[PDB]
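One chain comes next, on its own, written out as structure tokens in the form deposited in one PDB entry.
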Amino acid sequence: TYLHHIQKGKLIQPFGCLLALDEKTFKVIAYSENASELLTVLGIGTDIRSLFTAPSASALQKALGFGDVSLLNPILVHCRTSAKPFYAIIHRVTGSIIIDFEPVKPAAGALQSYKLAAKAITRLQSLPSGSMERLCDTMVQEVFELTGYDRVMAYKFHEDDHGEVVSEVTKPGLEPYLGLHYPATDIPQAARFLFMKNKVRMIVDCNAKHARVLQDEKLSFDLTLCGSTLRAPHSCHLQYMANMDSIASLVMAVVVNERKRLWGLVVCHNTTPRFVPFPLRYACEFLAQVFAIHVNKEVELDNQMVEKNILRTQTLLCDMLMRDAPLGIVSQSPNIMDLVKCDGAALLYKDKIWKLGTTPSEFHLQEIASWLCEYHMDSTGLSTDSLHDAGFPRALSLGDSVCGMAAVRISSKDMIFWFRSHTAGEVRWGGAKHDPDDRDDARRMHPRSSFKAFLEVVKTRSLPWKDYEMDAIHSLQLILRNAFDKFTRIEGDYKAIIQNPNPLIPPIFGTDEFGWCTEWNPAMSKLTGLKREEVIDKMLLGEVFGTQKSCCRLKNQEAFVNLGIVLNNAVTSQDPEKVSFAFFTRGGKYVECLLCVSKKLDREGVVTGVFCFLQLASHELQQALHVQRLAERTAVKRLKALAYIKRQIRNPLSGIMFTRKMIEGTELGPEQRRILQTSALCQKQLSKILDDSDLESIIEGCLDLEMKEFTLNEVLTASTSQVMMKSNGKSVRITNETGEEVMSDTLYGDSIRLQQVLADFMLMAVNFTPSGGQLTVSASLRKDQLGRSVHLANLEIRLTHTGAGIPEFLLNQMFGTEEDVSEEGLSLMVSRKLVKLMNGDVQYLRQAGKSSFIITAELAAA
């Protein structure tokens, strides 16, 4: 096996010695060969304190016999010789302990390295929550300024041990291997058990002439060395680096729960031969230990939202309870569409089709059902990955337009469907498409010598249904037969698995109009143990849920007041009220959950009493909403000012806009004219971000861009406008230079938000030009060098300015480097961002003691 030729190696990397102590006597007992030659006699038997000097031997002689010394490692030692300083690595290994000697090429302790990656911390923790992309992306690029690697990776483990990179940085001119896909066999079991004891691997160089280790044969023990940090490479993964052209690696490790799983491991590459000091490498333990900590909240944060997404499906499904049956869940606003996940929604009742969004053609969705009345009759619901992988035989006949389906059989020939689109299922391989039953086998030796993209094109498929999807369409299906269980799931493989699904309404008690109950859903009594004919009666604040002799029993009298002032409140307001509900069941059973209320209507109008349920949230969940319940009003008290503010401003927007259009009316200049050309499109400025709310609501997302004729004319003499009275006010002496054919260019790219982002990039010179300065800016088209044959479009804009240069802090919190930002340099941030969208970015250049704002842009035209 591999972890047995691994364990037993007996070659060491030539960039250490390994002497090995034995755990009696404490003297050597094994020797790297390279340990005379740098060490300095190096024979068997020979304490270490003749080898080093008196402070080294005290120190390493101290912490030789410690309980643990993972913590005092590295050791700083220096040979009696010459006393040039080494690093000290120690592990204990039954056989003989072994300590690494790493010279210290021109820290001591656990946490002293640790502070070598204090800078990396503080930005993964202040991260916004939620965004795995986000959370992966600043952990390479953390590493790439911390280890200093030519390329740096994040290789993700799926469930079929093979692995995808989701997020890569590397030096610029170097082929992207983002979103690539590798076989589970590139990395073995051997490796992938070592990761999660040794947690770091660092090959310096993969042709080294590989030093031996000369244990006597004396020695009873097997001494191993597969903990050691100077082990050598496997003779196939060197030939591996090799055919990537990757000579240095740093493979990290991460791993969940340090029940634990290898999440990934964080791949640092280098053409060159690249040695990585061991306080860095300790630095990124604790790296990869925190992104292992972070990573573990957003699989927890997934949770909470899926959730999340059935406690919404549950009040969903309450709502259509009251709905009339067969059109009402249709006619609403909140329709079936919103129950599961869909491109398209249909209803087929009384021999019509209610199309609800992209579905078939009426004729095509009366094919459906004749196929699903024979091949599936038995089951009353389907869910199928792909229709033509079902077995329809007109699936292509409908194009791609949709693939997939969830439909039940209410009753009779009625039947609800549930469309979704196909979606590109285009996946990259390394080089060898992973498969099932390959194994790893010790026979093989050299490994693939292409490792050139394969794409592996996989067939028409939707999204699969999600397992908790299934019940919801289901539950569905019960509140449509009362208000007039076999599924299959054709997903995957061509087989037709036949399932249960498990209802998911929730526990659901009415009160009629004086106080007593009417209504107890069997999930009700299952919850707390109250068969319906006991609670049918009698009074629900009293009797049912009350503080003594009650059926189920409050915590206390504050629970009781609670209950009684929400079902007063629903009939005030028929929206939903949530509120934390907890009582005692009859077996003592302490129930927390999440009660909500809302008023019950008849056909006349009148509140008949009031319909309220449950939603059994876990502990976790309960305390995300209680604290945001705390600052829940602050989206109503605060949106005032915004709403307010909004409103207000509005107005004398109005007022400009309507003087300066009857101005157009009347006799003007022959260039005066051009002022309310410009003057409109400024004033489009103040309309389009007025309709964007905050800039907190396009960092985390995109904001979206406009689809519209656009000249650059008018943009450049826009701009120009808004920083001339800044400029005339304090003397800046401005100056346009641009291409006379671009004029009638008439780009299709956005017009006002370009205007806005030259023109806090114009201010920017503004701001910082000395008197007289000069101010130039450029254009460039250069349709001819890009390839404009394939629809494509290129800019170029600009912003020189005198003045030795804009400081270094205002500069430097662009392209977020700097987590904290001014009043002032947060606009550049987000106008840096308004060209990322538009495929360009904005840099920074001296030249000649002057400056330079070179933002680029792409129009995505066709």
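For clarity, a rigid core is taken as the largest C-alpha set superposing within 1.5 Å between two forms. Numbering follows the first chain given and starts at 1. First, how it differs from the form deposited in another entry.
Just one of 304, 678, 131, 289 moves its Cα by 2 Å or more between these two forms on a rigid core overlay, and this residue is 678. The Cα position of residue 384 differs by less than 2 Å between these two forms after fitting on the rigid core.
After superposition on the rigid core, displacement of the C-alpha of residue 576 between these two forms stays below 2 Å.
In the core-superposed comparison between these two forms, residue 787 has its Cα shifted by at least 2 Å.
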Contents of the next structure:
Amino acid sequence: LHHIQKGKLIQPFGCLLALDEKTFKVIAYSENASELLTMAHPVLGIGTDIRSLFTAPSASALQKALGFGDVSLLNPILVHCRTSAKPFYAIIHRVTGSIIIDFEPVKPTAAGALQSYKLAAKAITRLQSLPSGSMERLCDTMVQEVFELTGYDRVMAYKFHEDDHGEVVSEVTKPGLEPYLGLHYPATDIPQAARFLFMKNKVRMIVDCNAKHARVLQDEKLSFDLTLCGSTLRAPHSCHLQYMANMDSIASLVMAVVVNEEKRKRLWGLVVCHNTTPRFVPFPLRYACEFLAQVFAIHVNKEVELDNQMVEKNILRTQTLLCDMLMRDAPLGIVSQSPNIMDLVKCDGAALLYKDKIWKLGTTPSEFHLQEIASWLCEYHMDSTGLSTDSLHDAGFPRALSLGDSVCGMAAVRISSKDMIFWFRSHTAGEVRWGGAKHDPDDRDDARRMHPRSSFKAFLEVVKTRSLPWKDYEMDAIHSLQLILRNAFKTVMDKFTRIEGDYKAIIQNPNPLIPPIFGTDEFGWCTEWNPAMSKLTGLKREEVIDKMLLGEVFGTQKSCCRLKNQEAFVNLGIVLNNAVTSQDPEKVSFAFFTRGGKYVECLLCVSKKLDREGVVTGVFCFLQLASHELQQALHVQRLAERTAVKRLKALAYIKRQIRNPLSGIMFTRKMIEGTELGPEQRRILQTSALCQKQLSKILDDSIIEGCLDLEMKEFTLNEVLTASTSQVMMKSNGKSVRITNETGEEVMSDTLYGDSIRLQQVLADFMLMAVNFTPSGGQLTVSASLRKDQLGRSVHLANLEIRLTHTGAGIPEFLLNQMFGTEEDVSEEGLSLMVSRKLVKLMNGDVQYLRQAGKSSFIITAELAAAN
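Structure of the form deposited in another entry, please, following the form deposited in one PDB entry?
Next comes a single chain, given without company.
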């Protein structure tokens, strides 16, 4: 499919013009150029002057752009015609021996690259604020932003695989369309020529797949072949036109995601948008989409760094567990205590075969099922002590299906010639919709076929009842444990029989995970020096035995491994003395110099070498090597955790210092209760009582997210209604807001059910902001009318209905949209608004104000229970 370079067809929505390098004269054109640019008068032929089509300012601007160095920073370029002054978006690019210009009519906002970039600022800010560490959420966010920006029928992210076949990862459509999620596609749908072109043309748009194209009447006298690959007006393949017609998608717009893997540009995938009717999008929007795709790529680059850091942390955890297991008594200690061999490698069962005695943990086959497989391993693979398989049926076990489907994956190791230790992994499930690549290896770029595909279905692919594979480090760890156990109890090869290879001959992987280790006695003399530590330092063990660890071996001068300075010496002494009284593996930064010159930086962990008698015998230290990024991440995480835990003291002090005076307040109120007064004073005391009750209940605190346990108590509306006005009217009194006693007297004549604090929580806060924009001499209007509905068996319906005034300038739109939860940076003053809204709506109520003429009215309605 190479004729893309040699094709004289363009889409019929813009004109294409070609100019030489120096004379700036027309050498090629399109059939619609004369109908569009000129009409709406010399005939547009070869060599016609550019100034005869556009006005003087437009021609001058185009000339200045043509003389510029990097033309990609200037387009789009607004121009006008001669007579009608019809505007156009000139898009200029340069090819070997020519300059090609595209013209598209305007108005079917930007004039450069930066102005065009400005249209994606909201989406970029949305992308930057995302919490880091999850690729799926990032893909969903980006696809949603693209859908909102472009206004297409559907948009989807389409990721490529190693096989070169692809799968959609996210999707956002309009209601009434068939979901495309989770469907794989053959690798031959997108030929390698297309995805090779997409490294340089990162945005492609097709307006109509059923339109009538226009040919490029190139001049015959020119000796140059005008390729059209870099232009925005290319007409696609007939094969692709039929492909798009089959899917019932007419117009399309697609963007590439090129990720710099180390550089190494790799096409991660595509962001493809479809619409069922012809659609045209102006050039600045396409440029903004391209910039957004660049930002998305530089974020998916960070996601893989996070993944690598997580894997490296897992390796470090395995090393720490191995160092733990080194000390305990072998071999039963690996299984009796915790953490045991199950935590060594991610598995589902484990078994030990020591001295014809079987120790089992987790989901393991029946004890009668272990000796025969052990004997089969012994007699079939005598030339190895380790084996791995993701399916026991493939490896040749005759009785694989007789043990059930609970366990299918094996990892076995021979510590001795008779005894064994092996892990079990449960068989996994899961199938893929559509064939991945439909299993057609080797390319088929023949450019002879017309379209060997049509329609679409589910096309499920079956599985082989397999388990997850065993990684490299998950076998290094098992080899390390084998070495430890073999040494403590008193070349070879490890099989790797995976599916579709049926056999492999990997060596034992003599790269054990055992870290550098040393250790001293209680006086300070060296006692241990590992082979790994000897490799790291270049110092033989015999050089550093019966030598003082502090000063002689590690020191600032005359020492074998010279330390940085005296602060390092002091810190090493402090750590070695602190570790005597603590067993926690205190990870401390440790940096030294090798025998030659190499600044080695690691983390050091020190523990006591306790003996059987219970008396310290020395220190056991091991040294784990981590890269700069993980060390910085650990430092930042430690600081963040300390800062987070610091505020707890302040919070507790605040709560106690608010609790004590309120307790004194109930003290003085209950003690003044003895001096009784008239009935009006009794109701005033009741109002103060539930006011302080609400105070304490606010200090008595998932309720931040709106979830409520719905605590229920029996109370009647009089005190709640009085306290709602009492808690707010001091604020309005400064603003000269009067009270009208408009509430009816029939609301209070009926008994009510519901708590006092819960009911009053979602009432008073509404009008608190009212004084903010209310001028002097305002008015307050409150009307209530309880609705008695006899719905239910034991609980009636006291449907609330309250109309509250809304005077002054009131809450503006950018403060009203905060109520519905449509904003991120919600002001702290407004939090109680949506808090009360969520509290009301948890009981299927409503609290809402609508803009009216003169003054608005807040409507409050709740399905509050009735105590009738």
